[PDB]
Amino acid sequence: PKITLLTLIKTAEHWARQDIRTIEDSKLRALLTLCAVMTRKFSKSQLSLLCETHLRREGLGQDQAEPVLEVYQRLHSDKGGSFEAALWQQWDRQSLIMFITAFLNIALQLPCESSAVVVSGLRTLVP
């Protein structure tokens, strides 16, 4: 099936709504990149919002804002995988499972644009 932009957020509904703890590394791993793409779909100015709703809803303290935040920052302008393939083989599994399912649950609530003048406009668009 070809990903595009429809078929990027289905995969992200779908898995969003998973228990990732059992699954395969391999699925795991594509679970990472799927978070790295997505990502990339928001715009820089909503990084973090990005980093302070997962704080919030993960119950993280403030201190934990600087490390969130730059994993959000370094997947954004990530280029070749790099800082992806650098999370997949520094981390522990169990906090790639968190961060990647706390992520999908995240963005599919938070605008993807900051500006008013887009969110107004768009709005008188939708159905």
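Rigid core: the largest C-alpha set superposing within 1.5 Å between the two forms. Numbering follows the first chain given and starts at 1. Compared with the form deposited in another entry:
With the core held fixed by superposition, the comparison between the two forms singles out 119 as the only member of 110, 9, 119, 23 whose CA moves by at least 2 angstroms.
Counterpart to the form deposited in one PDB entry, namely the form deposited in another entry:
Partners and other molecules omitted; one chain follows.
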């Protein structure tokens, strides 16, 4: 199966509605990759909104704004999956589960662009 943009979305849709509390680590690791790839499909200007929506959904305090944003920024700028690998090792299983579940749900709802000029023009094309 070819990993097109659409296939990537469809995959996120499926796993967003799954109970992943008792999946294998092999699939959990892949889901983290899915989150990283998806993060890089958003403009860097949307990371702050992604962080905001994450805090809101999971009911985290504003004290977690800095660390949650950092995770998204370093995923967005990750190369060779070095940070993604660190995140896997450093965090426990449950923490990764909740983070992944949150993102997959958020990602499908948030716009991938913030630029007003770009958004204004793209809205004229939407069927």
